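In case you want the letters, here they are:
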Amino acid sequence: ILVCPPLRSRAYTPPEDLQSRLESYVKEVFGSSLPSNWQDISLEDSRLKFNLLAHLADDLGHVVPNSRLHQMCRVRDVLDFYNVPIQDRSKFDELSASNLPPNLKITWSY
Amino acid sequence: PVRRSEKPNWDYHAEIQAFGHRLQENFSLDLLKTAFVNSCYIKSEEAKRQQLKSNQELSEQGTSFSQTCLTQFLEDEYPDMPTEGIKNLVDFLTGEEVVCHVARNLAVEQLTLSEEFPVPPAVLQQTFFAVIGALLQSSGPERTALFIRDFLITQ
Amino acid sequence: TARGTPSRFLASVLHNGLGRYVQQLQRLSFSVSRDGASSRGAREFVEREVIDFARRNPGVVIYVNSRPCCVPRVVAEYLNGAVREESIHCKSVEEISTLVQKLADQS
Amino acid sequence: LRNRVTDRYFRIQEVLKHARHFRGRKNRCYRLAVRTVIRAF
Amino acid sequence: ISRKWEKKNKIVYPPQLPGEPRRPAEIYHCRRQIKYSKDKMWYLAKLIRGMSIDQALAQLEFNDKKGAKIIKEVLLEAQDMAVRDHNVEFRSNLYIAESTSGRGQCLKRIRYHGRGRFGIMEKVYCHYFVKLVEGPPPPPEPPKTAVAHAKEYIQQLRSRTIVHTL
Amino acid sequence: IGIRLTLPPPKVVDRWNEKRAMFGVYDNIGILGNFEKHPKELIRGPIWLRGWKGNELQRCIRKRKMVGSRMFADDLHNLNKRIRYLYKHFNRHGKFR
Amino acid sequence: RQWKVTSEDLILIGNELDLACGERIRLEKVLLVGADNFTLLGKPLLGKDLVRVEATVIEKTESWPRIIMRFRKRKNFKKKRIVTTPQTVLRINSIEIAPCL
RNA sequence: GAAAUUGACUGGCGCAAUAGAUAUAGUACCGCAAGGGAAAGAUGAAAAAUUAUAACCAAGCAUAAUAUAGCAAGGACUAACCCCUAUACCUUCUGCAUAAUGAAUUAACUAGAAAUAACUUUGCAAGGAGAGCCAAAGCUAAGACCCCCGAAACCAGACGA
Ligand SMILES: [Mg+2]
Ligand SMILES: [Mg+2]
Ligand SMILES: [Mg+2]
Ligand SMILES: [Mg+2]
Ligand SMILES: [Mg+2]
Ligand SMILES: [Mg+2]
Ligand SMILES: [Mg+2]
Ligand SMILES: [Mg+2]
Ligand SMILES: [Mg+2]
Ligand SMILES: [Mg+2]
Ligand SMILES: [Mg+2]
Ligand SMILES: [Mg+2]
Numbered sequence: 049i050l051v052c053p054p055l056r057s058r059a060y061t062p063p064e065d066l067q068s069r070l071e072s073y074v075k076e077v078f079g080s081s082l083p084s085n086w087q088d089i090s091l092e093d094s095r096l097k098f099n100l101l102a103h104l105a106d107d108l109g110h111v112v113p114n115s116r117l118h119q120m121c122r123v124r125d126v127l128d129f130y131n132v133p134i135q136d137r138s139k140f141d142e143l144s145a146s147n148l149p150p151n152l153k154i155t156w157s158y
Numbered sequence: 057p058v059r060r061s062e063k064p065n066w067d068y069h070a071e072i073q074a075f076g077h078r079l080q081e082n083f084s085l086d087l088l089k090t091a092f093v094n095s096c097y098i099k100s101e102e103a104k105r106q107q119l120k121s122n123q124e125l126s127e128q129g130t131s132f133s134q135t136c137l138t139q140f141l142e143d144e145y146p147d148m149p150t151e152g153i154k155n156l157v158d159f160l161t162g163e164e165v166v167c168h169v170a171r172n173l174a175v176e177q178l179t180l181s182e183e184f185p186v187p188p189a190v191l192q193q194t195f196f197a198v199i200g201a202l203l204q205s206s207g208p209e210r211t212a213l214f215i216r217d218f219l220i221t222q
Numbered sequence: 002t003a004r005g006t007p008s009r010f011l012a013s014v015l016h017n018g019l020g021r022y023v024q025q026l027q028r029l030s031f032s033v034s035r036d037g038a039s040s041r042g043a044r045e046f047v048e049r050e051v052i053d054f055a056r057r058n059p060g061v062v063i064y065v066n067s068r069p070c071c072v073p074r075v076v077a078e079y080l081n082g083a084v085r086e087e088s089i090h091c092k093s094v095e096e097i098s099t100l101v102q103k104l105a106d107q108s
Numbered sequence: 010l011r012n013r014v015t016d017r018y019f020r021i022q023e024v025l026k027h028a029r030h031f032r033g034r035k036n037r038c039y040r041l042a043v044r045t046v047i048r049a050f
Numbered sequence: 047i048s049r050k051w052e053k054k055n056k057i058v059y060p061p062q063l064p065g066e067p068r069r070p071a072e073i074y075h076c077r078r079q080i081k082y083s084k085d086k087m088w089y090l091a092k093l094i095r096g097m098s099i100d101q102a103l104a105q106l107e108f109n110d111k112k113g114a115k116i117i118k119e120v121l122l123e124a125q126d127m128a129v130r131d132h133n134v135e136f137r138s139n140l141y142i143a144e145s146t147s148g149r150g151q152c153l154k155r156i157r158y159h160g161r162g163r164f165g166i167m168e169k170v171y172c173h174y175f176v177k178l179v180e181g182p183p184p185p186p187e188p189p190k191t192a193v194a195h196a197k198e199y200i201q202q203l204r205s206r207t208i209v210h211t212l
Numbered sequence: 032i033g034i035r036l037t038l039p040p041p042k043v044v045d046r047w048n049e050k051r052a053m054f055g056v057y058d059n060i061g062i063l064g065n066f067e068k069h070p071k072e073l074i075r076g077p078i079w080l081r082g083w084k085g086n087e088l089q090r091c092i093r094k095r096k097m098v099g100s101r102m103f104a105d106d107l108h109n110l111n112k113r114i115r116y117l118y119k120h121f122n123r124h125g126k127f128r
Numbered sequence: 104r105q106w107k108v109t110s111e112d113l114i115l116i117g118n119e120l121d122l123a124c125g126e127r128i129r130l131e132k133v134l135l136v137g138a139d140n141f142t143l144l145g146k147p148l149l150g151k152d153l154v155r156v157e158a159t160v161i162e163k164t165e166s167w168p169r170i171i172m173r174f175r176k177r178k179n180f181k182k183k184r185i186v187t188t189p190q191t192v193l194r195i196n197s198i199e200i201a202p203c204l
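Protein chains in written order, with UniProt numbering: chain A, 49 to 158; chain B, 57 to 107, 119 to 222; chain C, 2 to 108; chain D, 10 to 50; chain E, 47 to 212; chain F, 32 to 128; chain G, 104 to 204.
Simulated from the structure, these hints should not be mistaken for laboratory data. Quick reminder that beta carbons are idealized off the backbone N, C-alpha and C, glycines included. Be aware that a few hints might be false.
Unchecked claim - Straight-line distance between alpha carbons at most 27 Å, and here's what the computed DSS-like set of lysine-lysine pairs gives:
{"id": "1", "chain 1": "C", "residue 1": "92", "chain 2": "A", "residue 2": "153"}
{"id": "2", "chain 1": "G", "residue 1": "181", "chain 2": "D", "residue 2": "26"}
{"id": "3", "chain 1": "B", "residue 1": "104", "chain 2": "B", "residue 2": "89"}
{"id": "4", "chain 1": "D", "residue 1": "26", "chain 2": "G", "residue 2": "182"}
{"id": "5", "chain 1": "E", "residue 1": "92", "chain 2": "E", "residue 2": "50"}
{"id": "6", "chain 1": "E", "residue 1": "81", "chain 2": "E", "residue 2": "169"}
{"id": "7", "chain 1": "G", "residue 1": "183", "chain 2": "F", "residue 2": "126"}
{"id": "8", "chain 1": "E", "residue 1": "112", "chain 2": "E", "residue 2": "81"}
{"id": "9", "chain 1": "G", "residue 1": "183", "chain 2": "C", "residue 2": "103"}
{"id": "10", "chain 1": "D", "residue 1": "26", "chain 2": "G", "residue 2": "183"}
{"id": "11", "chain 1": "G", "residue 1": "176", "chain 2": "D", "residue 2": "35"}
{"id": "12", "chain 1": "D", "residue 1": "26", "chain 2": "G", "residue 2": "146"}
{"id": "13", "chain 1": "B", "residue 1": "63", "chain 2": "A", "residue 2": "153"}
{"id": "14", "chain 1": "C", "residue 1": "92", "chain 2": "A", "residue 2": "139"}
{"id": "15", "chain 1": "D", "residue 1": "35", "chain 2": "G", "residue 2": "178"}
{"id": "16", "chain 1": "G", "residue 1": "183", "chain 2": "D", "residue 2": "35"}
{"id": "17", "chain 1": "A", "residue 1": "75", "chain 2": "C", "residue 2": "92"}
{"id": "18", "chain 1": "E", "residue 1": "92", "chain 2": "E", "residue 2": "118"}
{"id": "19", "chain 1": "E", "residue 1": "86", "chain 2": "E", "residue 2": "154"}
{"id": "20", "chain 1": "D", "residue 1": "35", "chain 2": "G", "residue 2": "181"}
{"id": "21", "chain 1": "E", "residue 1": "84", "chain 2": "E", "residue 2": "115"}
Unchecked claim - If you anchor each label on the Cβ, the simulated ranges turn out as follows:
{"id": "22", "chain 1": "D", "residue 1": "13", "chain 2": "F", "residue 2": "43", "range": "20 to 26 Å"}
{"id": "23", "chain 1": "D", "residue 1": "10", "chain 2": "B", "residue 2": "63", "range": "53 to 59 Å"}
{"id": "24", "chain 1": "C", "residue 1": "36", "chain 2": "G", "residue 2": "114", "range": "47 to 53 Å"}
{"id": "25", "chain 1": "B", "residue 1": "63", "chain 2": "F", "residue 2": "44", "range": "34 to 40 Å"}
{"id": "26", "chain 1": "G", "residue 1": "145", "chain 2": "D", "residue 2": "35", "range": "24 to 30 Å"}
{"id": "27", "chain 1": "C", "residue 1": "82", "chain 2": "B", "residue 2": "182", "range": "17 to 23 Å"}
{"id": "28", "chain 1": "F", "residue 1": "44", "chain 2": "C", "residue 2": "68", "range": "48 to 54 Å"}
{"id": "29", "chain 1": "C", "residue 1": "36", "chain 2": "D", "residue 2": "37", "range": "41 to 47 Å"}
{"id": "30", "chain 1": "G", "residue 1": "114", "chain 2": "D", "residue 2": "37", "range": "40 to 46 Å"}
{"id": "31", "chain 1": "C", "residue 1": "82", "chain 2": "G", "residue 2": "114", "range": "22 to 28 Å"}
Using the sequences provided together with the hints, build the complete structure.
Below, the structure written as structure tokens:
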């Protein structure tokens, strides 16, 4: 009998040292000899792409979806995707967290 | 007939704020709530407890200001009426029928905390003049004079 | 037909507009459903347009009830004890905005 | 007998609610009523 | 079929406050499936509407109709149930508030005509309904007086307005 | 009055039966199974209506041609009469010629 | 249209007036102004310096539904339509005159 | 209207008491006979609970007859009428308020079926289609178009003096 871990949230705040951590990661995965434009190195090799994306996913808790994996052509793009924040909440909570005027009342009978 | 409080969609603080805003008056919130709380509602709710501030000061202030201010408007616009006629016009404007009609179509009854529904006309008149007293305490004599001018000379 | 329906004379609520204008709309109750394709337009209206309407009309209390229903509705309560129940079933967001504004300007 | 009409009551009653204040059988019998509501409009 | 007249008899009321009128007793009775026409029974009921109970019994006793005898029996048993179960004080202190006749369940028989022709006979049946109310019979409405006629004419003349103008 | 006085009893449907959960499976058996089979031989029904559409007269002709021999006497008589009527109607009546 | 208005009056305009409710506007094309003991007559319009009318948009509503039915007999001709005309209720507040004759 | 030749179980986008079998039944009833041929029933877990809260809904009536004047209304109006306007409907027709047709009214049932092409939208394309067929942009697939009732008659086999 295997226990199931509790359900993870999709809330992902982009960390402040995303630049320096991406530097660390690209350094162990693509080797010590960096091209000066580390921005613009290709991800055409699927093994190198798997290693980089899997390391980033296991660190940051955020995984690139299958509909964006083909888009993930450069670590430029990978930096863009991990820069983009995604947010998880019920939208009843979203409508409440939006600054409601005092004459508007929301009830959630669900 | 059942009161709008026991009718489903209701929120008392929102209704009080909308009352002040749709009357375009900067009411004090606690003063308005105490102007809507009546003594009979007080007595019914201790009785329910065995199984705070009333209208009276605000009602008396609003009533006295209504008499004085209405008499002032009437005898300034019509200098030739004698005192009996000015007094009778003032008693008509602060009478039961006119004040209850104004309170009902301004929805003082919906916000009135009382014992019986429909609200008895004496209770509704007292609640309306407590609202007048709250407006006098919150805004000032000229502003509540404009309020009285509108909502009674229009009658 | 005039002979088959009631009639009345032109009137205001309490001599409205003489001293000051009082908005006769008091309450708006929006029954909307989370999962209803009929309620999609009202869902968009609650998402985008109800905040600005509530800010523009501070004298009106707006309740929004998200509950499982097939026909989304709006109930407008007016100061003289009037109640108007209207179906916003399968209406776009601009049609709902036009209707809710029209209810606001009614007596 | 698939696909019978089930809201014939409501169609009859919208014509009859326009015909309600008439005199005779034309305020309640649908045939005579619908011949008169049209003329009224 | 429906028996709401009997259920009306079995309706009950809350207890009375000591400071309000006495709420006079109401007694509902009916007879069903009377071998008689509802129109003729209507003539008898319209005769005994609004009478006192004894006045109705006298009129039905000296009328010459089968419906009159049947209605007399129904009135007697309604009076008996009135002062036996509904706490009517005096058996003469009742009047007929409602008295009407309805259609009953009829039967279709053939009526042989000439040639090969035929008709359908209707073995007509009817119901009789009565309501007895405790108290003296209400006074008949007095006929309209010339003073009242002049008054209503003056009221129309004073209710006239200037139409289709400001 | 032609209308119910009470609500009809609720018509609950299981959207996840065997039949609904597995509707449509193997409908691409020809183009995903080296064309050894056909959907027209996936179809189960009457023996004269397996992979064939037709209008009414064609259906009646096909039924009489295929299962005419092993058919009941009055059913075959009604089928002969129906074919005769449908022939007359389709070849002799209508708006367009 | 020509409206004979006074102060504290109500009129019903049969179209929308692109104004918010409770909005104070000035009516200008004054054909006539008058009191007891005197009237002033424009030719055909009075001076805007001479007379002002003040009105207030107090209601923006719709009319009751109007039926348009067309019927021609023995020709199967039968047509129904429902219209709701927009309307605007104005309260005439004040009528002011200035000494300019 | 050919042929040679080719090769080929246990469910319901059914009905639910005017429907679905005519069927509760070939019974009742009708006819000498062959033969024709119906209608309908609805409580509850318990009726060894006959009770009383079930209604509300067609036509028809009752509660509750009527008041100068006129297709029965509409414009209206303080006001039901009084004032003003106004030649029922369908079919048929050159043309019908027609004193031409049909209809007492209510409920239910009761009348547009498809090819050849064309057009629109896809797929593939000098080829298209899961053989066969068509092809000087075509072929394949789908969509979309063709009613109901009624004679006097004619023939076959029975049943009847
Ligand atoms: Mg049957
Ligand atoms: Mg049958
Ligand atoms: Mg009826
Ligand atoms: Mg006339
Ligand atoms: Mg002719
Ligand atoms: Mg003519
Ligand atoms: Mg005639
Ligand atoms: Mg003739
Ligand atoms: Mg005729
Ligand atoms: Mg003819
Ligand atoms: Mg011949
Ligand atoms: Mg012989």
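Outcome of the hint check:
no.: 1; hint: 92/C / 153/A; verdict: holds, 22 Å
no.: 2; hint: 181/G / 26/D; verdict: holds, 20 Å
no.: 3; hint: 104/B / 89/B; verdict: holds, 21 Å
no.: 4; hint: 26/D / 182/G; verdict: holds, 19 Å
no.: 5; hint: 92/E / 50/E; verdict: holds, 22 Å
no.: 6; hint: 81/E / 169/E; verdict: holds, 8 Å
no.: 7; hint: 183/G / 126/F; verdict: violated, 32 Å
no.: 8; hint: 112/E / 81/E; verdict: holds, 9 Å
no.: 9; hint: 183/G / 103/C; verdict: holds, 26 Å
no.: 10; hint: 26/D / 183/G; verdict: holds, 16 Å
no.: 11; hint: 176/G / 35/D; verdict: holds, 19 Å
no.: 12; hint: 26/D / 146/G; verdict: violated, 53 Å
no.: 13; hint: 63/B / 153/A; verdict: holds, 16 Å
no.: 14; hint: 92/C / 139/A; verdict: holds, 22 Å
no.: 15; hint: 35/D / 178/G; verdict: holds, 24 Å
no.: 16; hint: 183/G / 35/D; verdict: holds, 21 Å
no.: 17; hint: 75/A / 92/C; verdict: violated, 56 Å
no.: 18; hint: 92/E / 118/E; verdict: holds, 14 Å
no.: 19; hint: 86/E / 154/E; verdict: holds, 20 Å
no.: 20; hint: 35/D / 181/G; verdict: holds, 20 Å
no.: 21; hint: 84/E / 115/E; verdict: holds, 15 Å
no.: 22; hint: 13/D / 43/F: 20 to 26 Å; verdict: holds, 23 Å
no.: 23; hint: 10/D / 63/B: 53 to 59 Å; verdict: violated, 46 Å
no.: 24; hint: 36/C / 114/G: 47 to 53 Å; verdict: holds, 48 Å
no.: 25; hint: 63/B / 44/F: 34 to 40 Å; verdict: holds, 37 Å
no.: 26; hint: 145/G / 35/D: 24 to 30 Å; verdict: violated, 55 Å
no.: 27; hint: 82/C / 182/B: 17 to 23 Å; verdict: holds, 21 Å
no.: 28; hint: 44/F / 68/C: 48 to 54 Å; verdict: violated, 23 Å
no.: 29; hint: 36/C / 37/D: 41 to 47 Å; verdict: holds, 44 Å
no.: 30; hint: 114/G / 37/D: 40 to 46 Å; verdict: holds, 42 Å
no.: 31; hint: 82/C / 114/G: 22 to 28 Å; verdict: holds, 26 Å
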